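Listed next as structure tokens is one chain, alone, in the form solved without the named molecule.
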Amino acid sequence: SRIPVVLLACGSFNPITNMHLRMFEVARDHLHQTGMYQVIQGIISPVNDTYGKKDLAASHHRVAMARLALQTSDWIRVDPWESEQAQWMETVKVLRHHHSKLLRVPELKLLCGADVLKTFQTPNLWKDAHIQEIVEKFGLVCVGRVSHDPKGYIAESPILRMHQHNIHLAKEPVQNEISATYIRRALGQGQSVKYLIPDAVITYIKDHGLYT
């Protein structure tokens, strides 16, 4: 039989876009095609407001938009636990929390774009122990992105190449390079982003005067 899998995606979702959503769909089809897994749930976990330095919309707004974006999904949901904590938390700690909730068994895997995968190399950006825990205790499903070579990132990492069984590279045959930065700039200029992010999210943004 197949192994139950839960996909967890961390990030800003400022705001959530059709690309963030597509990422789950591609990752699920990929895992199913292997024959070894059955994805049972997707979780969008927006980052906390204390995180880094940037014009991030308040967390309850990002959580609300993600919930709206996901109303037509029968398997992906937003979980505000991370954004509701007092302070920002390293990714691995969010994975532990959700793993615990699962035990109250499905394998919990981190879901991300190939660009996040490239950051594992940035000096003083990720503790090696954390990278090891992600691919050894949990798993990693990476969706391709233009200009990134996930296969090489894995091969050149002493930690990643040792845990390839738990790293899944999902190929994105559709060029969809929507960046939320662009979405925010467009909105600020009063330009349309319809068909780039969910209609309901656009409505929420307008109703609450976000990204003006």
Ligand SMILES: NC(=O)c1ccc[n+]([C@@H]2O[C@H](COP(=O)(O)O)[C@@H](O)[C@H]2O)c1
The other form holds:
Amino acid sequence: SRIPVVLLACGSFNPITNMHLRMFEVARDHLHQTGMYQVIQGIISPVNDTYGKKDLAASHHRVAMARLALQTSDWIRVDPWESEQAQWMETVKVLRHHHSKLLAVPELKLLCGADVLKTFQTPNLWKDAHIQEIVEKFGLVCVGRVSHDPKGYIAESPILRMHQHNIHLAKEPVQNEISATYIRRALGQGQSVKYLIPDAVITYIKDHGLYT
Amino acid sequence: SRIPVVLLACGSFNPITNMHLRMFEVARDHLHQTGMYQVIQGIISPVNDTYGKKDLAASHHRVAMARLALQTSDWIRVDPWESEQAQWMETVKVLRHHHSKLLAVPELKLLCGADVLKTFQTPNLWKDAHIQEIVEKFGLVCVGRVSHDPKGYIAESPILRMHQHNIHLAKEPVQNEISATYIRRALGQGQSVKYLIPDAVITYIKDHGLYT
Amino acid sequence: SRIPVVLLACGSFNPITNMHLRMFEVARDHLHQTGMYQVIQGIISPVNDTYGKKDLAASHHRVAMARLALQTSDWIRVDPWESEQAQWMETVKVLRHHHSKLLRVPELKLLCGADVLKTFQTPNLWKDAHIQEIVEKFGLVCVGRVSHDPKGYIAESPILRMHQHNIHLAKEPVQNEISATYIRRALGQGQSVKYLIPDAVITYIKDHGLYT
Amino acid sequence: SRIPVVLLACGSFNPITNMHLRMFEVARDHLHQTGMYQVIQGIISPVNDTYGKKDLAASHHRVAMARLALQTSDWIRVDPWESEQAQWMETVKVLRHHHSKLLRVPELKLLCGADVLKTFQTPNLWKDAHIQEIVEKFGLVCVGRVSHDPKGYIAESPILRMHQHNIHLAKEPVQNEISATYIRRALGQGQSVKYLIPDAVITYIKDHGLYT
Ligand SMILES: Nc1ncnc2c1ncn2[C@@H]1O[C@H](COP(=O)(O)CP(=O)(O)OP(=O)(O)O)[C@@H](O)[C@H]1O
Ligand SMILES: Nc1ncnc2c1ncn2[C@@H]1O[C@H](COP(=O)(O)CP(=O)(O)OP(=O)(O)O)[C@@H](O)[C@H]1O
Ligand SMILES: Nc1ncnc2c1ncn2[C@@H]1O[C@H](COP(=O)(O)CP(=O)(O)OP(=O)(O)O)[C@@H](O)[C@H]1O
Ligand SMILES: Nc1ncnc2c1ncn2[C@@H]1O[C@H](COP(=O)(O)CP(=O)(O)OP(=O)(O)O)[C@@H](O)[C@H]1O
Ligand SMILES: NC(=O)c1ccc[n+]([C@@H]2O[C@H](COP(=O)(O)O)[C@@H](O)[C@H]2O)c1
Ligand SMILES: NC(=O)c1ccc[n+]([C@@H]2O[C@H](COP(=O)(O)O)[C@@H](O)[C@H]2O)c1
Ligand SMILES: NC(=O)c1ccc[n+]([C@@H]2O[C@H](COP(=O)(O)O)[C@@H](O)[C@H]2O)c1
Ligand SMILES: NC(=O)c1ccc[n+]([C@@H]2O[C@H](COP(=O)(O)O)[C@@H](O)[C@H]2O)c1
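Output block for the form deposited with the named molecule bound, input the form solved without the named molecule:
All chains and molecules follow, beginning with the one already shown.
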């Protein structure tokens, strides 16, 4: 039988976009195509507001937009736990929490874009022990992104190389590089972002005057 | 006052995708940013089935998918006229028809991707007299596409160069090259295309067993 | 033993660029990795001047630039035959001519980008009989390009899908979308195109006042 | 009269590629088109070997390749100072050193791709004081890259948006996303990278057995 799997996506989702959502679908199909996995659930976990960030909309709104975006999904849900904590928590800790939650046990994997993988190389950004635990105890499902070479990042990292069987590279012959940064600026300029992010999310942004 | 404008998009829409729809939004914002136009409507006109094509799903289905995709749009509608004709009609004729329909009169412009513009250079593809009438009597709103240089196509074409004031180049700093061809193959392989095309279109394709 | 292969690329090469050149290298590495072939030579064949077209520099200029571009190549060369003919010639006929030369035996395959492959669908652009001869008698090596889905073009063409064993899809993991149209416009504006096309081609362009 | 400018690019240049080089040309053409400047020289400054990093070839090798790459450049040169220092140095400090050299006056601006600009947000990666000195004392010229929205990074950074007059966004109309990570992996697999990086750099790599 196929190993059951839960995909966990950490990040800003400021706001959640069609590409963030597309990421989950590509990862699930890739894992199923291997013939040894069955993805049973996806989790969108918005980052805590304390994460010293450019400036994110309040997490209350980011969780809301994700919930609304996921209404038409029968397997992906938002989980506010991470954003409800008194403060920012390292990713490996969110994985531990959601793993405990799950506790015949499905494997919990971190779903991210290849760019995140490139950041593992940034000095002080990630603790080597976290990089190791993330790839060894949980797993990584990385979706391709233009300009990044996931296979090379893996080969050049002693830690990732050693646990590469637990890293799954997925990529669809599509080219969709819509950045939430662009989305925010377009919204701020009164321009349309329709068809770049869900209609339900555009409605919420309009109703609550976000990204002005 | 701003000149009123109707955007007409001709093509396969086999099936209509988020990018086809995105094209309309980018064009409208570009025309409004000029300060001299007010886009009052968009028309999606699926190509007749007789158009000797690879093989398109029946036009009945393509019109349906467009209608469903456009349910959440308050300014874009599908018009089956072109596909209901006994046979394929040159684009300039569809423009004339929709122009007559409109008949204090708004300008009707052909909305297309920069790749279509590149095809004007293909021998026998378009009649020079049609290329001229299309750009002179109606107008062109072209949305950028990776790999194409619209400005160069215009400069190297005596006809387009002469009527370049009637060609409007729009492009959003986004990279979305999802091809309907890829969509069809993904569907045929049982893979997800969710978030690449509208949920309402995926539902119809599933219910009617299309693209198998 | 490996099947000896010769790759032929037809196109305007107006001017030849680094992507044109990259195409040969990618196609060769791909054929070699199959293990069934051994590419022994590449041939750049500039189209004839009568090819009812845009802003096409005189053929001898395009042959000379390709030649300068190829000086650092140990296996690729430009063959002026096609451009030196009196009139334009369908591509199958260029494939027959070079097939003849090969006999004063290596397999002669047509090398092109995915965009060319999509043109096989354009009404009346190619004779079905020619598309068949190309992939049945000779062979087709296609390099990926952004926005194109080669596998889908092949599956949807009743002619191509029957000859899949002779069609090789070479994947381009590097986003390298340089447009010659862009190259020409930039030059005409006095902007740099260095590192986009060969240094010697740039010098030649300048010395002969091309693309102004 | 025009303000004399010197462009400084810091990075690993491991190895230097055609996109790295293209970056200088694009930035120069952009500064010149403003009319307020006249770029008099470009400087490639390879990072020091102690830069806690990946698979970094010895600095003298990276300086030599950059030098071979720059032989056909009449205005760009590599300066080994940074790599020849004893330890790694924050970029502002490299900007001060070269600012000093300039005085044995030209404006010294930091040249980088949009992706670098997005890293100014990464927690603790850059000192706010340094980001300020960079765009207040010196200046920043940024070349566009796929998936990045520079205008948005600038607007959302309270530091950057205050110094917009010293930040220049150079647009790259050519999709040229070459990854050095990819270059290295391809080489290690014995695949060609010709036309992606300079011929002489390839020769040097081979002669010194780099990236195997
Ligand atoms: N277009 C895309 N394709 C593939 N993955 C993407 C993607 N856009 C975002 N992602 C991934 O989605 C996850 C969350 O992204 P975010 O934290 O929202 C940064 P972003 O989406 O780039 O917006 P930004 O502009 O605020 O940085 C990350 O793993 C990121 O790699
Ligand atoms: N991703 C994209 N970005 C901008 N324009 C696009 C686009 N995809 C399609 N278009 C435009 O939408 C119009 C209709 O396209 P279609 O006739 O459906 C061809 P297509 O969308 O490329 O699907 P295909 O794979 O069947 O060729 C054309 O003007 C085309 O240029
Ligand atoms: N950037 C690129 N990547 C992959 N293939 C490319 C390419 N640019 C051109 N080609 C391929 O090179 C061959 C000849 O191309 P050309 O006839 O010169 C069209 P082009 O290079 O786009 O110039 P154009 O814009 O003047 O038409 C074709 O097979 C084409 O697909
Ligand atoms: N393809 C590209 N287009 C535009 N800028 C690029 C580029 N590739 C690299 N650069 C720029 O060149 C400078 C130095 O880059 P490097 O430090 O070598 C990272 P890289 O080139 O991506 O190699 P890497 O994959 O080993 O990290 C940076 O400003 C970077 O943005
Ligand atoms: N060391 C860590 O655990 C670590 C470091 C950087 C980013 N992250 C996470 O990655 C996601 C995206 O972060 P960025 O916005 O910095 O790219 C967030 O959920 C963030 O918490 C975790
Ligand atoms: N000469 C003409 O009027 C002409 C030529 C080619 C395509 N078209 C139109 O462009 C749209 C897309 O055509 P393709 O599927 O061939 O790219 C269709 O609506 C088609 O009718 C019109
Ligand atoms: N019917 C045919 O054999 C046919 C049709 C179109 C293009 N071609 C060739 O393929 C290349 C296409 O170049 P363009 O797309 O710039 O016209 C040229 O070499 C051209 O000669 C051949
Ligand atoms: N805080 C700083 O001054 C700082 C931080 C990160 C990178 N850098 C520099 O910018 C370039 C970045 O290279 P990488 O992204 O490969 O680390 C290097 O030259 C590096 O030295 C400087």
